[PDB]
Amino acid sequence: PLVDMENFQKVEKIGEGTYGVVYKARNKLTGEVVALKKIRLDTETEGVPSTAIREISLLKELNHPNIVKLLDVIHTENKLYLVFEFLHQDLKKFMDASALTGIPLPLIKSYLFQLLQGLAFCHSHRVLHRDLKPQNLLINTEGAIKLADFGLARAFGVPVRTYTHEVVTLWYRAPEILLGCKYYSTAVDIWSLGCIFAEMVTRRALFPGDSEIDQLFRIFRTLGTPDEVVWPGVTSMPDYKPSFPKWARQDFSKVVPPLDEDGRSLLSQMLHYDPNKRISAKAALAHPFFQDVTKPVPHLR
Amino acid sequence: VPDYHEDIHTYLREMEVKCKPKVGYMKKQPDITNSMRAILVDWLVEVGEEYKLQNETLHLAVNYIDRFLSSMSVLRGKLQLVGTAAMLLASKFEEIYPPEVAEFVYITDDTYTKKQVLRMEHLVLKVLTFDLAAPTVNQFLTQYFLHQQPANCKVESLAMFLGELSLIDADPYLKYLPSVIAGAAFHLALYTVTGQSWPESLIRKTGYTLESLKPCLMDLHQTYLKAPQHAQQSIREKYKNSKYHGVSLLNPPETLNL
Ligand SMILES: CC(=O)[N+]1=CC2=C(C1)N=N/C2=N/C(=O)c1ccccc1
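Respectively, the protein sequence lines represent chains A and B.
In terms of PDB author numbering, the first sequence opens at residue -3 and continues consecutively.
In terms of PDB author numbering, the second sequence opens at residue 175 and continues consecutively.
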């Protein structure tokens, strides 16, 4: 345990937070570069955090090319280390760097295609990511992208109930969650992807809400205010108010201009209101939009 | 019925054959017995009731315990420590808000330390190598409940009851797969409450026929029949509640006519 930590050489503090810290480290014996996530365990003396419990058991049960790989877990007396394969950058930082030139559509399609595969793999193994956002998506220099950060992931062999302190950051939160639905479903993840898809295409976030209600409204303002015909049951949801300003559905060709016909078809299916009618990751991978997909390499900085 | 309904079922069918404990591990246990285990699981049912934990948590903890005892010799005096840690772990995994360590130390009547419970937690994670996302009878019953044409609350409660009773007796339930026990529990509950039998749709879905479920069914029926005279009573007490439609009070059919 302590013998293993001795074989690691710290390199640079990739990031950090509440969880712990995430350094870039090098294996002294093999030369292998890894992402070391240090978690201090005395910050509660309640044992191991629940997010660690879930990310570990679920991650080490999800072996797929498009899902970050957990290489090891070192449990000492006061610290817990998660050893991940190291990837050069996250999608958020990448999008910033591509602000001027934009991300090539072929690379955008390559990335969406891959994300849909790792996601489909998750759902078929009864796992909900529940936190799909740009910074939790990692890319490498080979043009590959992987789902990472499974701290809020849930296994759904049994329905997962809606919880207030464990939800996707606002901008990527699905309308069902905002309107107060009782349970999560695989659709909440597809919705996050749809928002990221559009964000890559336009270089700007699709629904940048300031509050839960402002978030809802920006969505209504673009997709239109949903009604019982479009989404059977909306009006009967916990936070649905009949006093909602009735907006009309913007023209997609004006929301995501850069996209062709197929691109728009897919995005609209990923952003469908009724979570029961929203496209599945499995089905999405079959959309004509990925007819000519390729695997371009990014221009990492 | 998400579109991953079949994918997940198929996947749970794969996993259930791996998170599988040694069927005869108790014989090789130098100090503990099936009766001691039965008392432990019964107590966990009570703890579940006290802290209002999900049924899934109970099932996961029993799974963790049998897998741990499958490769670790434990003495009478430490058995509850293993049980407590298992419950704590299943809570962290399954519950939205798991009870705090102090609470788990509380319900053991200071038989152990907060220190001990946490150490045992570490050891259990080591032995199970952090593989906690295990398939349970509970998860399969959930799957099966969708293929229930006329959804009946009493049938679902009774199936839950029967599936939970199987957790108490290592002999003979340790030798059956969760999907099989769930199948037997579903049929038995269905039959008892509505007179209907293992549905055609589930036969196609699971590949199990009323015939294949017979062995487990014969065992389960007996457990159902003798349930009132069993030394452990926590589950029956639990299932005579309004929330469960008092299904533990229902009379099991005299014959299964299989
Ligand atoms: C959060 C997590 O679990 N992981 C993060 C990473 C993992 C595993 N593996 N590689 C990671 N790389 C980065 O996070 C990163 C982002 C931007 C720039 C440089 C590095």
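FYI, nobody ran anything at the bench for these hints, they're computed from the structure.
Treat each hint with caution, since some may be false.
If you only want the chain B side, here are some residues facing chain A, beta carbon under 7 Å, derived [what the hints assert, rightly or not]:
no. : residue
1   : 177
2   : 182
3   : 267
4   : 273
5   : 275
6   : 277
7   : 297
8   : 306
9   : 307
10  : 313
11  : 319
12  : 382
13  : 383
14  : 385
Pulled a few chain A residues facing chain B out of the computed Cβ check, cut under 10 Å [stated by the list, open to error]:
no. : residue
15  : 41
16  : 46
17  : 73
18  : 126
19  : 243
20  : 292
21  : 293
22  : 296
23  : 297
All C-beta atoms, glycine included, are put in the ideal place defined by N, C-alpha and C.
Status of each hint after checking the structure:
1. 177: holds (5 Å)
2. 182: Result: holds, 5 Å to nearest chain A Cβ.
3. 267: Since chain A brings a Cβ to about 6 Å from residue 267(B), closer than 7 Å, the hint holds.
4. 273: Not OK, violated: residue 273(B) not within 7 Å of chain A, min 10 Å.
5. 275: With a minimum Cβ separation of about 5 Å from chain A (threshold 7 Å), the hint on residue 275(B) holds.
6. 277: Check failed: Cβ of residue 277(B) comes no nearer than 11 Å to chain A, outside 7 Å.
7. 297: violated (10 Å)
8. 306: Constraint on residue 306(B) satisfied, holds at 4 Å.
9. 307: holds (5 Å)
10. 313: holds (4 Å)
11. 319: Hint on residue 319(B): violated, closest Cβ of chain A at ~11 Å, above 7 Å.
12. 382: violated (19 Å)
13. 383: violated (24 Å)
14. 385: This hint is violated: residue 385(B) lies away from chain A, its Cβ roughly 27 Å from the closest one there, beyond 7 Å.
15. 41: Because about 8 Å separates residue 41(A) from the closest Cβ in chain B, which is inside the 10 Å limit, the hint holds.
16. 46: holds (5 Å)
17. 73: holds (9 Å)
18. 126: With a minimum Cβ separation of about 13 Å from chain B (threshold 10 Å), the hint on residue 126(A) is violated.
19. 243: violated (30 Å)
20. 292: Violated. Min distance 30 Å.
21. 293: violated (32 Å)
22. 296: violated (33 Å)
23. 297: Violated: closest Cβ of chain B sits about 36 Å from residue 297(A), beyond 10 Å.
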